[PDB]
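Asks: Each chain, letter by letter, is given below.
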Amino acid sequence: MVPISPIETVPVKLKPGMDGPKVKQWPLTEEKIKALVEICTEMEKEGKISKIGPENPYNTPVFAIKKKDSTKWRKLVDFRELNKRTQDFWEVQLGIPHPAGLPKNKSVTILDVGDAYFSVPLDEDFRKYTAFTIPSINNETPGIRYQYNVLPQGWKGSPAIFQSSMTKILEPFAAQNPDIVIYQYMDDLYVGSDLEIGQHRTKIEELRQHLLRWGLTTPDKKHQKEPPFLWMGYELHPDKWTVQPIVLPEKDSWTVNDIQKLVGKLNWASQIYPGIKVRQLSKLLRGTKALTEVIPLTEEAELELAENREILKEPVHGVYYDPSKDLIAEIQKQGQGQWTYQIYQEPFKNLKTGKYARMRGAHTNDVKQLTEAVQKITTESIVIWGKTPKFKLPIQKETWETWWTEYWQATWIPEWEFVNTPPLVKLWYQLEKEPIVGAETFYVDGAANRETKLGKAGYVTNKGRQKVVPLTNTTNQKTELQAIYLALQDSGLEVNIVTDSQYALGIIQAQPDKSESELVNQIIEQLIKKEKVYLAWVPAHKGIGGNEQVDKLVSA
Amino acid sequence: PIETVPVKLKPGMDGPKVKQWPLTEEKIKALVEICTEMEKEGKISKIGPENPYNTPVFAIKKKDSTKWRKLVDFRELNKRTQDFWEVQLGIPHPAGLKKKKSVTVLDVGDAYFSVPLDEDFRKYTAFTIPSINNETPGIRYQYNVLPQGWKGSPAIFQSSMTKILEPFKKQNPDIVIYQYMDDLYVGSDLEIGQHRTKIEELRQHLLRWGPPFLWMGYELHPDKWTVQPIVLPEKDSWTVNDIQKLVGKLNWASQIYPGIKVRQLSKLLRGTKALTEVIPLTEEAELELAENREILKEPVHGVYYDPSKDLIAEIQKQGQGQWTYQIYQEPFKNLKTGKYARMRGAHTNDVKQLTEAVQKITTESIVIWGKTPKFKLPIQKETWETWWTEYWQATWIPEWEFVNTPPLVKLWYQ
Ligand SMILES: Cc1cc(/C=C/C#N)cc(C)c1Oc1nc(NC2CCN(Cc3ccc(S(C)(=O)=O)cc3)CC2)nc2ncccc12
Ligand SMILES: [Mg+2]
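Those protein sequence lines, which keep their order, are chains A and B. All residue numbers for the first sequence refer to the numbering used here, where the first residue is 0 and numbers rise by one. All residue numbers for the second sequence refer to the numbering used here, where the first residue is -18 and numbers rise by one.
In isolation and in its complexed conformation, chain A is listed as follows:
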């Protein structure tokens, strides 16, 4: 008998104030009972469970499921009630590695660690709560009562405690074998390395020898996976990687469930397929909840879906990470608040691709969106690679310098350089800092009656020019923007505009180049046509000349 060191148990408690489960055992047929008795007898020989007396007051129901592939019954202990009462654990598998961050590992060996999957000991003080009862034949005998000695398949803490225990076991081997790569996936250990094929299996036998210290016999998994690895939705080849085949269905009746799976496939494919757009397609599920409702496809959605089918026509592949080379990210504008990017180290060979959709707002500009896209890529790159990439951006150095030195918010993008890939991000208008000498001065104002929704808007100028327009179904804020629009429409190339609208100032001082409001877009179109525009603010109802004259003209 070769001594094996024990696996340390994790202390486990129930939630404070709660007790163990006490669920009634469901009635079972005579064939299911005989099946569970033979199953639990085998498990008891292997020490996985143990018979208990009548004093244990806890119980969870056990069931018997049969599969079609093999004509055998299977045991299923329903731990839904125990899990609701079990403490929270530190789940050490919230995320998975992205393939674009993995280094090339020549040789990979798969090991079966199922011998330890059902062999991790459970906290002795907690086994009371895992009790279950096999009903007896015709209920004429007290049922057989068992409790778990190892981590039960289905219990809340089984995945966390197992991975923690395996990690503690493997820690000394990995530390003293830095040229070895180990990844845990259910009952399979993936051990890879960049060593020659001879020295690789040498360290694999050393890993078998280390794992035997805990009595864990780990043979090579039978029927080892042929390349590529089909894992978590990817295709892991020894030198390339891609997503599993993305095929777009060609249907005539498109329901919202078809689009939820369509955008899901498009989002999943956008991490390697460059130029994928999902705006007009996901635009159709703004507030839909009925998963079976059919929605017509807009001409913009059909045109967008057609662009994706051409992109998804030919499969593309990504490369693996080389730490010795620089990390480079490049962004392109696609329109309608859509951006796409590629991350690479060598040209024409991408590590991965991606996309960014603009946040839902009322007013926006390309510079703000490009900045948001940069921060997203920056955060994603630190996740995947642990560093910030060099950026290639479609915006002039002068354009960025002018933007951030004049923007009212603090802003910053990391090390970047200009790439002349149209369409380029541009500043479409820039207001003046001082009043314009020789330019006509428009005093604007608007007003509306909240009850009747009737309003007026217009201007008065220093040259005697005047206009007042009657408006129906309007608001105070709406007539204030309309008044500014009228002043831009009827002025020359240079104009000074004087308003008292704090609302209009806040919109214009945000410097948008596109808006959900049609009136704001018309103002932007007018601003782009001008040479110089100075926008001045004054307090309202303070006897200010010109402002008070047009205020009396618009208030009816």
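If you are wondering where the hints come from, they were derived from the structure by calculation, not from laboratory data. No residue lacks a Cβ here, since even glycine has one placed at the ideal position from N, Cα and C.
DSS-like mimics (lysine-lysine), calculated; alpha carbons at most 27 Å apart, straight line: (1) A:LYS396 / B:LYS362; (2) B:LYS0 / A:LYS12; (3) B:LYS362 / A:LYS389; (4) A:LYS462 / B:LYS248; (5) A:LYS386 / B:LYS0; (6) A:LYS167 / B:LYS24; (7) A:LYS12 / B:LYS27; (8) A:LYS83 / B:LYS104; (9) B:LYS0 / B:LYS42; (10) A:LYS551 / B:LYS254; (11) B:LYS(-2) / A:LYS386; (12) A:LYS375 / B:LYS0.
To be clear about the criterion: a stretch of chain A counts as covered by chain B if any three or more of its residues have a C-beta under 8 Å from a C-beta of chain B, and this derived list gives those stretches: (13) 8 to 22; (14) 77 to 89; (15) 151 to 163; (16) 382 to 389; (17) 540 to 547.
Assemble chain B with the ligands onto chain A, guided by the hints.
Replies: Okay, now just chain B with the ligands, sitting in the frame of chain A:
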């Protein structure tokens, strides 16, 4: 330091479960070396999956230093930790600290690692050293001693701290000593030549009565902290635009000051005039401007600090490295206003300038009132959250919210 003080959380509150944000490889490598040494020294120990709590951690470099430092964001744990009452229920803030002419800030956080932590509370200090690309699980630790950045650390070491300083206090009774978190604020009215040498007298006191960062000493001068009262222009010829902005500024100040009148100045705006036209001042307007100018000389009335309310700090970007700020609890009742310029290290980086500005305003708020303010930052959330840790150098972290609408009162603090 044998026994541990029994501490707990607030009634009906659980431990902190805050997500660890990503870190660069250089900062992960630094945290691994730091935590390996702390583990050997017994300061921290590894934890298992039965501990579901987490508190974020990252690595910084203090001002004028080369080696990394571990910084733990205990903000969530601090607000969930019970309020501390010692043999004294509370100390009022020393109002003389802000009156001294020189205040040196000394990091004394290393003195906390000699006092053990209550074994029932250690699980709540859990933190994770993240891994790159989820390739390995995060290295999970918890604290065994009083941790730097936790509000209970000075509130437990305070009994021991009063005795270490007792010899130095008797020798110099005119020296104000105040402690906030990991820092020690020592103020006096003597010259820097006598101050710097006297400051090092306290450095060897921690060496004898008990550190890596004990050598550094941040020097402040609260006697030379500038105030920003409301000022009006002094011109000889006023354009229509000059008077419009003047009336606008005076109308804004009328919310703060009683008796501000703009009637005679509004009379000068005679209908629709070109913005660049010079308007002569009348006698009625000059006296109105003069009366308003005398009003703005006096401070605001009914302006008091309330220890129960929060301190709010707003910041405006004025351009060319200039930033203005105001500290208040009620709107239009500033307890402190100021302006910063020539931010060191950042003349092409807005975020680094704002980051240094937040740290300086927080330091002033600690010296004056003994607590940190809630910041209203002129920056989009995604940009600030991505980069502020890259420029942070203080051992504490304030709260903050994000302003997404341009303020109009900016041009009036300029
Ligand atoms: C080892 C491992 C396996 C899987 C999934 C398996 C399934 N299902 C997933 C991950 C994340 C994982 O963990 C890590 N993987 C890597 N590198 C990858 C890069 C190449 N791929 C593709 C490949 C090459 C060769 C062959 S073969 C049959 O021998 O021809 C077959 C496939 C495998 C190893 N580096 C790592 N570094 C640090 C930490 C972990 C690393
Ligand atoms: Mg009006």
